[PDB]
Amino acid sequence: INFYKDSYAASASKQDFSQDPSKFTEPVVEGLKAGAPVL
Amino acid sequence: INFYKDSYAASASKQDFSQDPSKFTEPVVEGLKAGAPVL
Amino acid sequence: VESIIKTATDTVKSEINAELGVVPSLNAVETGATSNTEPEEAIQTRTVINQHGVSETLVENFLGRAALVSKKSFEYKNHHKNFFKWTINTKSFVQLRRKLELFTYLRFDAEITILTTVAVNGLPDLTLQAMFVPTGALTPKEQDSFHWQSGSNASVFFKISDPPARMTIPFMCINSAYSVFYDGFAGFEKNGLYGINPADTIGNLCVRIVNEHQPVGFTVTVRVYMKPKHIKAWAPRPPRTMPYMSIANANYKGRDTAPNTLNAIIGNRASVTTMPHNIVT
Amino acid sequence: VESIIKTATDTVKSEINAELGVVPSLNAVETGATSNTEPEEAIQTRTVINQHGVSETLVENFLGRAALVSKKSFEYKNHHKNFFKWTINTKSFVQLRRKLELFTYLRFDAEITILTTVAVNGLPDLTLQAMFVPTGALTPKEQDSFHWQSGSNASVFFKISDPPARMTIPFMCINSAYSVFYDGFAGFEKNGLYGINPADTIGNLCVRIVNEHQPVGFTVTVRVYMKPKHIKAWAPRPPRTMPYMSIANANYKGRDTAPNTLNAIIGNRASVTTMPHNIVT
Amino acid sequence: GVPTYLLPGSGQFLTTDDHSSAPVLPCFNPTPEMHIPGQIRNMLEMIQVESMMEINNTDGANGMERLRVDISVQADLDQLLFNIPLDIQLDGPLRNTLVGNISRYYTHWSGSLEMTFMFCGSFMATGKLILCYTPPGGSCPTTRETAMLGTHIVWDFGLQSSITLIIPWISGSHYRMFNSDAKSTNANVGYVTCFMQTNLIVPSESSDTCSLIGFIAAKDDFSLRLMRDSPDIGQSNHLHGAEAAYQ
Amino acid sequence: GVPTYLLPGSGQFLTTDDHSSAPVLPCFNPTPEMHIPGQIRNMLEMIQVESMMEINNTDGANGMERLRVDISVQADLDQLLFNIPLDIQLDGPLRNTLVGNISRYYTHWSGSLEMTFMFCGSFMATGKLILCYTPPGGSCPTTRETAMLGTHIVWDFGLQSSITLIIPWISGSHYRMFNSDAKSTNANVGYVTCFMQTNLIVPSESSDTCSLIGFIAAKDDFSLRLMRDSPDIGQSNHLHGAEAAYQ
Amino acid sequence: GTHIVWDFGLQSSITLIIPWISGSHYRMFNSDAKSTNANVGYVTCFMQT
Amino acid sequence: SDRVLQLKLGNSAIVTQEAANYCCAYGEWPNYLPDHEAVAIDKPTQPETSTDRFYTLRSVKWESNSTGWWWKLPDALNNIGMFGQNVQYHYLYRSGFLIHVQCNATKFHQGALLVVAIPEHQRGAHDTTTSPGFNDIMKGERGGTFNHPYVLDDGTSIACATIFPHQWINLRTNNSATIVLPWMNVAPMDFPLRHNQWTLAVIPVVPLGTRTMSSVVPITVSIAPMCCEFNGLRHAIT
Amino acid sequence: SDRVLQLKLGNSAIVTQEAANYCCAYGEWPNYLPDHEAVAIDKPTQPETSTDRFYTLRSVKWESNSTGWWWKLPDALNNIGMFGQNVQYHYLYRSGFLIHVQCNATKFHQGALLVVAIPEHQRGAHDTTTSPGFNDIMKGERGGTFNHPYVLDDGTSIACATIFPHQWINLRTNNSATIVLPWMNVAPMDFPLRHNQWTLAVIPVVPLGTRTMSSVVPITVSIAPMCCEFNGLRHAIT
Ligand SMILES: CCCCCCCCCC(=O)O
Ligand SMILES: CCCCCCCCCC(=O)O
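If you're matching them up, the sequences are chains Y, S, Z, E, P, V, D, F and H in order. Just so we're aligned, residue 30 is where the first sequence starts under the UniProt record's numbering, counting upward by one. Just so we're aligned, residue 30 is where the second sequence starts under the UniProt record's numbering, counting upward by one. Numbered according to the UniProt record's numbering, the third sequence spans residues 13 to 91, 99 to 140, 149 to 308. Numbered according to the UniProt record's numbering, the fourth sequence spans residues 13 to 91, 99 to 140, 149 to 308. Just so we're aligned, residue 318 is where the fifth sequence starts under the UniProt record's numbering, counting upward by one. Just so we're aligned, residue 318 is where the sixth sequence starts under the UniProt record's numbering, counting upward by one. Just so we're aligned, residue 467 is where the seventh sequence starts under the UniProt record's numbering, counting upward by one. Just so we're aligned, residue 79 is where the eighth sequence starts under the UniProt record's numbering, counting upward by one. Just so we're aligned, residue 79 is where the ninth sequence starts under the UniProt record's numbering, counting upward by one.
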């Protein structure tokens, strides 16, 4: 519980478990299917 | 939460967002319309 | 006219204008009103949802800061003989003074913080007493006079090893607000002081070292900070430009050379067509 | 594509594969995509319910540590004359710097902790003042100048005997995030500094000993730690390999001999068929 | 009792902290509030009032002469009359204004500004001027053909004595900083210039040199951040009477 | 008041603590958030991107030459082409990679790794290679007949230019440690070796020596624990300009 | 100007469209090649690689 | 429509055919003291028409080198008519003020006067640490003159004086300024002989100039107290 | 199917018969500035086809000892066509970029180029504490060359550069690389003459080689700004 009036004073926020690796690992316009030849 | 018995001992009051600039910017008896000639 | 404002106003997109009888960019300064020309009427604008906050400029925050109002050094030794008296005022330190003087009237409670430091002429952990002596009450004459028994006056005892002492003085003016400026005289005769409203008289802050003197002397410095809160302010004023001269008046002289000289507040440039920090590419 | 991940992915059992037209182990690195071959497609796997957590690698935790950002020693005596000024930056200490530089942009609030230590040239329990002087504000010129009255600047007074002072500086960039790297110049002319975004200018941290000097001199050291929190990060980057040379740029030279030499980052082995720590039985 | 532990920061005195504290006078009853004209609740209300720019900040101009710009009947065409440095952090015509003074107690700013000019010549004097705002990037324009390419307003003198030039908020970043480096990309606002659109024309009995008074103010889309001590006031000694307060 | 008592730990400054603390600037309004491409929320996202292994870390190989392994047309059969030390704690081909660099900020690891190799010879060049992963326990294999007994993939050069060798997580314990003793049972991962399955065969006008570029990355079954300072950076003096920040 | 970058390959041919871009509805087959009602512009070909 | 105006109070009236609307200080209007804000318990006297009317002071001449003029309220009226008598016979007073500043010339003259009503205008002295004396402040009906209008004789600035209720008299545009002032103080009533709630300042920011026949160009001030109330009756401090 | 591709913008089009799919940086696509993220209040100009089209820069020659090339955006285009004119006449700009790198050879040639788009690629200088100067950074349409590609001329490494949006041109596989870049900055718009959002780097990780007839093998770059917007109109800083 943050007792200060400014929210930026609060303790850390370690609850954001969202991820999207594909923006780094698969930034290709056409999705690559499992075993289908990529090219 | 103020634990003292006198209210003047409380922490600051930073929640008054009311304003009325017109008392300083337009203290004229007759309201001036947007694009209409002021005089 | 009054309304709740939490963010800067948004901008609405605007189109071309060519209307007879409509001239939003023309105004009449003589009326005393500030121009009401909107950006949307001066140029073609786009729509902008403005999320910029305006809370840091709330008067409560602008003035809500602990500022130095008193600083006093004295010698603690076998004999200011181990104590001092300060006629309270908020006009001795210019940073706080200039800000308070941006307003004509002010109503607020005041949080007072007292910071003490010592130096040998190890450091002793002394006990000090700060007694609030209201107008008309007797002030101490010695480090040990009976006055310090403080039967009714509020006194606070603190050690140099503890955090700074702190307490709140309520809004105590005999009027509904303090007069930051006072265009009048304090008495019924003609020789009274000008510019000092009696109504805003707080009193004296008397501070002593409680401990008897040690075999050696020390220099003790007491700093007092004040932070206004639960603030209400009225009638803003032109900011001070000339350096302050006295705590008792608004007398002025100006710096010897610009900026802020009586003859010229802003520093000079070669001419009205000279651009000072012109970008040279 | 986005989803909530709390544990490492499970493995599903797989069978023998002999399908024409299906070659999961073949890929095309040229597309820029990382191989999507799954363990289940490369070998025969068993089922494994993986309970391994992934919270210790959350960006908030990875960067959420108080790291040294400033260390300054000065002499406290009768005369840096009992105070110093530090133009804030996060590029002086390499451990923190390298981690922050794993990202292109960062948005976070910063918890600041100030640790003070003293040594005689017993130890005095001094009072210090750390004042935050924002860009454009005047910095103190003496241990006792009027600037320290701190009418508007935020100041924190603390004793050497108290726990380290601590406060949080909000995300204060004029943009939506700090630019860890900046491929541009800070001014409209051509002589400006390269690689320094003006937008990320914090200001100066001014620290003084409040006490007047003692009869003898002392060495006082002030260490400042910063811990980012409420973090958002964008566009990860190649980690620094060459030793840092300056706080003002990414200039490089490399170690005199591997590892991390400009000519060879990894240390040499005799040949591409030589196994360095080969198990000899 | 309750098991506790002290955190870093314990015992410190932060001048911007916000906590309740012991009342010195218990049971004190403050004077009843009374309505007073002119209450101000946000400093942004104050900077929206226009105040005079010291445009004629030149050697030879004393006191109030510095607050007005004199324009004369020209012999040549398209003449440059004056320009205004948009410096707020650095000293300049905008520094000692309501918006300038208050803004200097802060470090970051955002929003549109408005400059209003009132022609103070005689009724028989006529003329047309062009006021231009040039977004940053280059050198201040010195010819009307160049200045005219930026934001501007052509002003015709007449019954309505004043004209307003809006300096719209045009910035890449959300805010600009009051940085000591006037040429910084996060501080430079651009320029304002004024040229004759036609010419100041007056009859024999009207004065042939007339004055303009320029005002500036913030619009309600303005916002200020990061409070700091103002560079406009300082002291190197005790003020007269300060020490006497202890006697 | 409330009766309390201080516990051991009171007053300490733990660099990994997590508490709220006094806001320096009350009522400060941070700049509005804006969408920015490439947000990363967990470092595991970064190590799943494959990066180049410095396989040719040998004397005589300078700069980028160290990032590619040259293979030539062989005169003999079943020839060993190269091996890769799977050392992450100790310096080696895997150290300066995304997975290697980030993992070294931790002490424990678990999960499968993937090595992808792209053949960069000419279109007219053909060949078949065998990539093998040998779980720990013995000496690195030096003959194809031995390496072939472990986990492997036979790669045929063709339209699809790259092949992936999965190094499945095969460990007795849940995690392995980045221990300074490379031969420790809680650290050694085994070996990776590459042999000709057939031979590199090219026509007269195609270059007879071709390069391979090897990449490595973690799979999504990966996990890292126990944060520590990385051994990859250090300083023995003040950086240039550090002290000037105080002047 | 208007253009098409052509990569040689399986599909042997490339098409460059010369779109009708004229002020007037029609152009004339006038003997004066530099006339504003006749000149169509130019077509040029350069190596891209 | 907003250029012509007639003000009528008591047996007095004023018209102008060249006004510029008119200012109501802080958007307020004068009013009598309500029971919930009252302090003095004696029944007040509310003379109405005998005091709430226009009093015209002696004129001043606008010269080429004038620095400006000022009149403090209620001091300027403390010895004029029945308002003056009530002020002298009563310890306490309360009132608003309707101010009308007048100045005409020709269509060949130029000049601009800032007409501002300053609350609590505490004057400062120049180049000395000694505070202004009684005679430097209390000028009465004659009013005073500015020594350094550039800093409003108080170390601040006239440039920012527009933050106070005001109007301008720009010869080319108008010939009068009108400002309505409500009671302005931290107390419901006050002793009129030692404190001035408002100071009327008239300063030529743009000097008077012309090339036509020279004539004396006066500036005249007319002030009408509004909603006057007096308490604490006794003998006159005449 | 993912080997052939045609890109068409404005009056320009490009086809390739040997592509390798194409990269959308961070899985994003260019877009105009929405009202809820806007800062500059003047109505922007959106020239569309006159600026959102392919601009082909001068080619470079891939030699046996080449170290690599780089072009900064928008600098490389700040003086080309109508995009260049809008950039010079406006204080602010915003846009995405469609990048197409081209390089063909024969089935007897080998070589591999890393084609990577680096956000905020702040260059470092080699063996000196002096920061890079204006002319070391702003090369314009000609672009620059890498001194030490192994560490990306910034003390890091090309080995890990794959963390940035990229593709490869492996002669044996493809003859072109395509990357779509969205606006990448911490501000909604920026001054185009002093800051480069992206740096296009083309580095030969595997050198060009063959035993067939030697021929000049060029590398060509074509870049199309996307969703261009400009604010803060004035004169040209040509
Ligand atoms: C340190 C005690 C302060 C009590 C309140 C003083 C208010 C003074 C207001 C002023 O006239 O500027
Ligand atoms: C100690 C105060 C720190 C304030 C936040 C500084 C952020 C710097 C980010 C960077 O450019 O690496």
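These aren't lab readings, by the way, just hints derived from the structure by calculation. Each hint should be verified, as a subset may be incorrect.
Unchecked claim - To be clear about the criterion: a stretch of chain E counts as covered by chain H if any three or more of its residues have a C-beta under 8 Å from a C-beta of chain H, and this derived list gives those stretches:
no.	stretch
1	162-172
2	297-308
As the list claims (entries may be wrong) - Below, a list of computed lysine-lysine pairs in the DSS-like style, where the Cα atoms sit at most 27 Å apart:
no.	chain 1	residue 1	chain 2	residue 2
3	E	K18	Y	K43
4	Z	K89	Z	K168
5	Z	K259	S	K34
6	F	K139	F	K185
7	P	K500	H	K185
Said to hold, decoys possible - Stretches of chain Z that chain S covers, calculated by requiring three or more beta carbons in the stretch to come under 8 Å of a beta carbon on chain S:
no.	stretch
8	28-38
9	46-54
10	68-80
11	190-200
12	233-245
Beta carbons are placed, not taken as given, at the ideal position from N, Cα and C, and that holds for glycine.
Checked hints:
no., hint, in the structure
1, 162-172, "violated (count 0)"
2, 297-308, "violated (count 0)"
3, E:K18 - Y:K43, "holds (12 Å)"
4, Z:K89 - Z:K168, "holds (17 Å)"
5, Z:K259 - S:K34, "holds (22 Å)"
6, F:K139 - F:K185, "holds (19 Å)"
7, P:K500 - H:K185, "violated (55 Å)"
8, 28-38, "holds (count 6)"
9, 46-54, "holds (count 4)"
10, 68-80, "holds (count 4)"
11, 190-200, "holds (count 3)"
12, 233-245, "violated (count 0)"
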